[PDB]
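One chain comes next, on its own, written as structure tokens: the form deposited in one PDB entry.
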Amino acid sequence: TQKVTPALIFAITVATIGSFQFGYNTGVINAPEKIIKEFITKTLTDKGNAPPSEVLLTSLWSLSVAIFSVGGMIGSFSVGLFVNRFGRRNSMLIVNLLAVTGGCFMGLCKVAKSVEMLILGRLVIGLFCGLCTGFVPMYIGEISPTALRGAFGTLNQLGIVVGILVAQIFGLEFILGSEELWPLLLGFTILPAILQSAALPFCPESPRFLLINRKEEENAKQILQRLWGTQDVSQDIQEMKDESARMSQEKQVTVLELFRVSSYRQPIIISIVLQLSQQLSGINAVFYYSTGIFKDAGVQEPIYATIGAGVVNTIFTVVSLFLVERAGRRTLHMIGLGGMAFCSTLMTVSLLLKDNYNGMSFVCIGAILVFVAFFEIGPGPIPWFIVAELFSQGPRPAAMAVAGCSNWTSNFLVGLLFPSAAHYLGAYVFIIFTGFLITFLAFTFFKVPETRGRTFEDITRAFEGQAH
């Protein structure tokens, strides 16, 4: 009987520090916007230049923010370069050099009076975070017992939302979000990197990686027994040997081959679509602009409403954690897509009617908080770990590179295109997100298999069975 040992908890918690990194760096940038723009202005005039226009300031601000996404796009797509070469554990250890570097560029850019270092810092930390968003579910997916793969997979998203919450709190200007201390707000990302790097050598390599990739059955078997607290891992070892046998009969998997081979096309389209369902839900937009929408809905101090949204963000991630093995992935993902379709619709109605009818403002405030709760029930955590369950050992790294890249890329696209669309459509802009949510609800119901409690082998065989 398999058990959740302290060893297993340790290995997984240490992995999700990378999750916390993604969450922190993603969210930290919003609060000090004015402070950093003032920094950008003061830097330019401290050299031999006129004060920047609003246009140049915006453009330099936008760049500081967006280059992080560009880094994440490149990093997440590059994961395949690391995990087969160095293994899963060592890849995580290695890439913390990017985290310390990017963090020091950001922490020093003010005293160095360099807008360039700020941008470079964001790009490097973006690269690190992209590699992480791929590394962590792959490691967690490969060391969790099958019966708890989904629950442990949800610890990845939990670290992310705790990352975001902490960045919001630190961003308070009586904490680190001031004119003098914002370099530390940004450079804080250094500290978790150092902590994780210290603990990582004591975490095990993936036994799946050791047995299947590196053909070290007796080492793998010994990891498994300690990690799960049982001598009897015969079935798990045998499933891995089956996977080893199939990987030996197939060519090395490339990214392109995923779309060529029938058996891989179905799971990769599912994988990519589910990332879109995460990002084309409007979560970027909703979180970023929630403060402005709270304020126009009358919230006297809208920062605290936003931190309140971050807390809701965390609570319902934990709710999902406890339901995903009982409800299954399909159910949790559809409920969350459905609920969000309802809330985004309600945001449009509220905003349209707010100036004519009384409490529609409060309904607007509610719609946003309930949106975030439905987002974390399913579309938040599930897309990040489910790709790991849709493939066996051979295709997984290339598959996760592709799916993770599509997550970052579509997130980038939401950030890029939403202000234009909001400009033209106003309150109706949330009906665009509603449309995607409904489309992806239908896709999920019809196309996404239940993965709960199934071995990779079983899941892969069913895909091969359809392709015939």
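Positions refer to the first chain, counted from 1. For the two forms, the rigid core is made up of the largest set of C-alpha atoms that agree within 1.5 Å on superposition. Compared with the form deposited in another entry:
- Following superposition on the rigid core between these two forms, the residue from 287, 209, 152, 385 with a C-alpha displacement of 2 angstroms or more is 287, and no other.
- Once both forms are overlaid on the rigid core, the distance between the two CA positions of residue 300 between these two forms is 2 angstroms or more.
- With the core held fixed, residue 47 shows a CA shift of 2 Å or greater between these two forms.
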The other form holds:
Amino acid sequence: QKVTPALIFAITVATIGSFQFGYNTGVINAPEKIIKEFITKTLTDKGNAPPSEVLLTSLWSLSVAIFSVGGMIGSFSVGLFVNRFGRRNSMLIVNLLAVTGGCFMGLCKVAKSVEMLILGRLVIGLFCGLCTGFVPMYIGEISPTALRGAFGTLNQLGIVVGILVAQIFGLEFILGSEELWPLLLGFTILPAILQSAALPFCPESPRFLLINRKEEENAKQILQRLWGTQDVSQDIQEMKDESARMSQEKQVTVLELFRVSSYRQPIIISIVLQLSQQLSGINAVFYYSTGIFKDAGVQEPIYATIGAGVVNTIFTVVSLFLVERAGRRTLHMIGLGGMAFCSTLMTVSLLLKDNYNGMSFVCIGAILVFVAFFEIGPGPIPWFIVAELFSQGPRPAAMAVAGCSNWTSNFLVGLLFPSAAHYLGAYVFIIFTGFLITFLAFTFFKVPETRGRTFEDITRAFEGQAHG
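Target state, the form deposited in another entry; input state, the form deposited in one PDB entry:
This part shows the chain on its own.
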């Protein structure tokens, strides 16, 4: 606890990327009908026959999904940037992609080009994939050890705030209209121009400068400013230790992450935690929501979702104030457990949907409580924890692997779930309850507490476990 404006500024400017990721994730839902009308008109205006609903659904599905494909590629490409350019400059450099993607999506209507929309979603996907790796890596290396998890939770906060804002902007009376939806999608350009202006005044990680570039006194002076104290000897020395370790060790690529015994457990934890986020059922809960919301008298679908967005935000903040006290294990487990209870309730309330006339209110309650438990742990923790499971040398390759598995599992779930729901119906949530319980067991037996521990302490403990 040594928090000056500089540290806040640096972390806040970095979480613009988190906001960007959240915004582009949530922005696409509301304007579906409007964009399909655009796609139809683009073909009709040629004088051609109007497209079938099958073709529209097809093009629309590609628009949505190609974003994930971009993210898979970008998140796995994180390793190409962070050691070569640094952590701060990597973020500055890739804003080219955010500007590019936003231009395509923003100009696709006036250019009357469905192809530009699809292309824009791919490029903004690439950008967001790089962000999901760059931001926690930067925050992790620049935060005081006692606040590493708290600050790391600001990544997820930026993401959920980004989602909320995109949804609100998606309202018909704001930017969600026939004449304003290019502005809706094009909006992502503005935070990029703001971030690029602000970033050069954010310092590079002192850890990176000292450990990777051997610039000790440069790191110290920066460390003194960020933590607002002249005595930073304990931290500077701990960085010297990590630096000595890295120059005595072979620097790991992706493939060797899996050949080294002392890396196997950390990397397996990292991947599994990414899965515990995307296979939680969090992507199934809303698939049903939009239709459950009608039955309960909402008759206002985006409004039902925005409300969930507020709950989404509140419990991310709750997680922020808990993660340094309760620890990562406890918050992850509690969240997994509460989601297990809610998904089970979802199955029951849906199975009794029309034998009893109150069940739609029950399902909504289950959905909101589900969202709350998701953000307690499984939402924010898996993003910043892999940065904690590794020291300086293998972190970049580890975050490329972890991040990719997160984006990939998200993509596969979205591909496979509609089928599963079609064959299992209400029982599909029981499958997630099984996943959630299994993940809960994994965390309880296999995931060490990382709260307040130095990277060196954590790594040595993994080395000790590997020696027997």
